[PDB]
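If you want the building blocks of each chain, they are given just below.
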Amino acid sequence: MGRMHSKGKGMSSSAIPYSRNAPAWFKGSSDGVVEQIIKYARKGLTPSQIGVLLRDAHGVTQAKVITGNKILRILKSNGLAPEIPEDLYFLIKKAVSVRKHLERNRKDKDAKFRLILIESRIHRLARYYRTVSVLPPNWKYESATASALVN
Amino acid sequence: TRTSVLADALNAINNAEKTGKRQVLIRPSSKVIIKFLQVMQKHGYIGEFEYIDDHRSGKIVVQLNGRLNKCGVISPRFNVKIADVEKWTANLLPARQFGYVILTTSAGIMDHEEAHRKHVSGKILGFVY
Amino acid sequence: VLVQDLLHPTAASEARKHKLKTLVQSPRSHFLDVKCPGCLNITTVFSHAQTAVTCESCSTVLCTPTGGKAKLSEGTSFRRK
Amino acid sequence: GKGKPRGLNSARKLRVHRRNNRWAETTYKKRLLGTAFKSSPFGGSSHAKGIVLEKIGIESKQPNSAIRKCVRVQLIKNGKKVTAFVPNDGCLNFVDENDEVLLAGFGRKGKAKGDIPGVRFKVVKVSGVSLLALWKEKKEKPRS
Amino acid sequence: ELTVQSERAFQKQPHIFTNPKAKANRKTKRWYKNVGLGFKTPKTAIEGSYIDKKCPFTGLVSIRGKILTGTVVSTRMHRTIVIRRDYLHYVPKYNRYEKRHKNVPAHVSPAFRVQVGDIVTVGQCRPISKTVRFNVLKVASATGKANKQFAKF
Amino acid sequence: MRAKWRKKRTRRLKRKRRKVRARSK
Amino acid sequence: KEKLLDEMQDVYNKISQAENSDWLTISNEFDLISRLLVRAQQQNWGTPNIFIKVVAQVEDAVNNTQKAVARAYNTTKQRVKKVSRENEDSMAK
RNA sequence: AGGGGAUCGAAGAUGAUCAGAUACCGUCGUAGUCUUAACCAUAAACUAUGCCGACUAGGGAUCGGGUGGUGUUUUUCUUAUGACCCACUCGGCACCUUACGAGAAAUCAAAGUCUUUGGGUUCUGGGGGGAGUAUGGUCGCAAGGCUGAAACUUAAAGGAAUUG
RNA sequence: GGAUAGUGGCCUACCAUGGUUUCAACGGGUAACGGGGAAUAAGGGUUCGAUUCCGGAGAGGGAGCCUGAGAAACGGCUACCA
Ligand SMILES: [Mg+2]
Ligand SMILES: [Mg+2]
Ligand SMILES: [Mg+2]
Ligand SMILES: [Mg+2]
Ligand SMILES: [Mg+2]
Ligand SMILES: [Mg+2]
Ligand SMILES: [Mg+2]
Ligand SMILES: [Mg+2]
Ligand SMILES: [Mg+2]
Ligand SMILES: [Mg+2]
Ligand SMILES: [Mg+2]
Ligand SMILES: [Mg+2]
Ligand SMILES: [Mg+2]
Ligand SMILES: [Mg+2]
Ligand SMILES: [Mg+2]
Ligand SMILES: [Mg+2]
Ligand SMILES: [Mg+2]
Ligand SMILES: [Mg+2]
Ligand SMILES: [Mg+2]
Ligand SMILES: [Mg+2]
Ligand SMILES: [Mg+2]
Ligand SMILES: [Mg+2]
Ligand SMILES: [Mg+2]
Ligand SMILES: [Zn+2]
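Protein chains in written order, with the entry's author numbering: chain N, 1 to 151; chain W, 2 to 130; chain b, 2 to 82; chain X, 2 to 145; chain L, 4 to 156; chain h, 1 to 25; chain n, 116 to 136, 138 to 182, 189 to 215.
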């Protein structure tokens, strides 16, 4: 219930069940599930979108419990993992959108404050990803490589 | 954030003993906390405690007996030579008749008397009496 | 309440408590076998479904998402999983 | 709690923190800056010799009504002029003009004491012989 | 780096002679010595062509005394390294520790490959320069995180 | 005085001192 | 924040004038320009064209063929090499 | 600096009281008050309570969200809403009673879990003045801000409550 | 390469642009010689250590040097400054 740059203390989260195996009611087999994952990834969706879709329209509670592996690992093994981790991509999209909004109208200071907060988040996450070497160690983000990446 | 899980545990047990409860729920569980509990149980300051698995982090339900008056963690796990342990047991434990400085040696997590008998010494974990 | 059995408390109490706070964490949502008015196809849908789940054969809005538990269509019929 | 760092590897911050807060004590600041040497009338010294320039009756503080007979003395060690008290009844007449007088501290850590304003130091010896011996007629001044 | 006596004077190992009249011409006889303390000479030293009179293997300097392990922090100087040694100094007034570091400049033979971030075992030797008192003996994590650079199953 | 007024009087004295310093330099 | 750019341009002009005659005060000018660049990089807006121009002028002054002036020459060569680590020289060309 | 220019209004102009009144009150009244770029970075910027954690005691309410109600009306014949009623839950401003703990208390459900003294952490203070002064740096166009002494002097200054 | 008894930017010729630092370099002060220890004393510390032992340095201030195994000596020299 801690927040990164706010005074909130929210408790909103996902509450994964105790069971480590497939539910007694699941009839589909894991191979069909992973094929579905790969076809959706080919469609061009992020792993979070894959998880939400497979939770809603199908009986996949979570892809790990039935396929034995995590969605990002599935895409990576079949070579569909994006060069940028998806959450960091969403951060960059938010940051470039805020940059554009600040460019259009200048006096708005609250967007500037939220922009510097976003830049802090991006710096932290990118530093972590560099540490795990997901990104190349040269990877650095200042102004315009953002507009290159988001497009 | 939650830095020392054992500090949380011992704070909970002390607060509930002062309040007058007979059982506590230590929310995050860890091996070191389990060993602390085994020591206190062997010496009798605790009744019958139970572990619960959650696939994320264990929970512990400790049945007290009111015999315990105060535990406590020495949060910076200081280094104590075999000589300074007497200074520590003079500083923390009320009287030399009873009270135990629970500390971790290479031989395991164990009180100060057993540690003296094995002639080993390590880092201090806490004090129970 | 100086003495109570935290290990096996009364079922109504745990069902009353908020999730993520019971003795063991277990979600309250569930899945549903829903039948569309159009065909005899049976589809599995999450309780708090976030997207407008539709039948694969025909485009029909089985569920309309909302803040919490998803809202089923009037014609569709649901069964607890 | 106790908002000072407490981890094992925080010796540096605690040490610098104590070194920095030690500047609050007046005694420590005096010792380190050497105020007892640079600016004090005595060079961190208990006694020093001097020459009487003239004699003054300083009026006491509020509740005390009297005149405390002091003498202005130019110190021979550095030349700073300073007033100094003379104890006991018949002692000012025992202090010759332009006479070798030895001064000591006045008993309050270099601060003015009692009802005497602005005077900070006693008189223990005059012209070699001490003042107490003269007051009790143990000895006679060398009148040199 | 294929320097091979590019400098003004010739770079010869002193008092090792090759007889041109000897009609073998099997390269040039190279002097090397095992340094002791259970340290194995690298094949780059034996099969190499550098000179490095200050090499602990193929030179004149000898290794005795201390054996220090550290991490390179600067390779940028020529034939020599700046190693950063970290340690915990104990302050008894508080029963605590400070993380302190010392910079030791050592000499690296061309027989080894050193890059910033490597962990290296070095040994004491005679005064080589004003600040160089050590010759590298072993480089462990030369490409510990650098072996894997691309990813495709 | 009020501490407010003491500060204001000191500020005016500082202003006069700076004027004198600028004249001297 | 135009004062920093104006001062950098004045420093570049002074460096060009000193090189016209050369490192007696050019070393101090380059040293102060380094601090100006550090201060500009401290804020969000940095790396102006004046800094690149001053760096190129210092490189030209050090390159020319040329007594404390020798310390100035060595220090200016080292400073030009260090500030030439930037790729902005490609922009200058 | 540029655009505004109603009210209000430091300075001022005055009309009265007053022993004096360039003060309180009454009329006017420039700068500002409102704006556009650039500065300034200070307030009793106060909850005079640093932040992040865990625990400890009951009570309703209130705001937002989510749950269930064979719930109440609604009305579009009725579902579905919405608005309400009941119960619970998460998070927030608070509030009420109480101490079993705390404090020197006034009081606090955090200022508790602190001699039975240790969850992680930054920043401050060491008697009152002298004084946030001198000096030196640095920022600022300026006003001033940040940093920041000492000599000397003093036996108290001060907090909370009690009776007069 | 020179020089040394010898290692060594110790020095020279040429070349490279490096070395240290917020884990406090560098600079300023020390009424600072360092250490063995002294006073103080619940435990923790605080201050002091010119001074009987061990090292370091100096013989007015600096410099240079003969001699001999050992000196940049000083109750040995040469020179300047006071
Ligand atoms: Mg841990
Ligand atoms: Mg009188
Ligand atoms: Mg105007
Ligand atoms: Mg007026
Ligand atoms: Mg008037
Ligand atoms: Mg008006
Ligand atoms: Mg303030
Ligand atoms: Mg405040
Ligand atoms: Mg605050
Ligand atoms: Mg004071
Ligand atoms: Mg003041
Ligand atoms: Mg100033
Ligand atoms: Mg007050
Ligand atoms: Mg009062
Ligand atoms: Mg040589
Ligand atoms: Mg000392
Ligand atoms: Mg000594
Ligand atoms: Mg000598
Ligand atoms: Mg003499
Ligand atoms: Mg002889
Ligand atoms: Mg001599
Ligand atoms: Mg002699
Ligand atoms: Mg002679
Ligand atoms: Zn359908």
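If you are wondering where the hints come from, they were derived from the structure by calculation, not from laboratory data.
The reader is advised that the hints may include incorrect statements.
Each computed EDC-like pair below joins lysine to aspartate or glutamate, with the alpha-carbon atoms no more than 20 Å apart [to be verified]:
#, chain 1, residue 1, chain 2, residue 2
1, X, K14, L, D89
2, b, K22, W, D85
3, W, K124, L, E101
4, L, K96, W, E115
5, n, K116, n, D176
6, L, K96, W, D85
7, n, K204, n, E175
8, X, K126, X, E101
9, W, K60, b, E15
10, X, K140, X, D116
11, b, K22, W, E87
12, X, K110, X, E26
13, N, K43, b, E15
14, N, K64, N, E86
Hint-by-hint comparison with the structure:
1. X:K14 - L:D89: holds (18 Å)
2. b:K22 - W:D85: violated (43 Å)
3. W:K124 - L:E101: Distance of about 18 Å is within 20 Å: holds.
4. L:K96 - W:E115: violated (29 Å)
5. n:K116 - n:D176: violated (29 Å)
6. L:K96 - W:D85: holds (14 Å)
7. n:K204 - n:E175: holds (10 Å)
8. X:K126 - X:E101: holds (8 Å)
9. W:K60 - b:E15: holds (16 Å)
10. X:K140 - X:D116: violated (30 Å)
11. b:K22 - W:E87: Distance of about 43 Å is beyond 20 Å: violated.
12. X:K110 - X:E26: holds (15 Å)
13. N:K43 - b:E15: Violated - the C-alpha atoms of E15 of chain b and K43 of chain N are around 43 Å apart, more than 20 Å.
14. N:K64 - N:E86: holds (18 Å)
Violated hints, in rising order: 2, 4, 5, 10, 11 and 13; the structure is consistent with all others.
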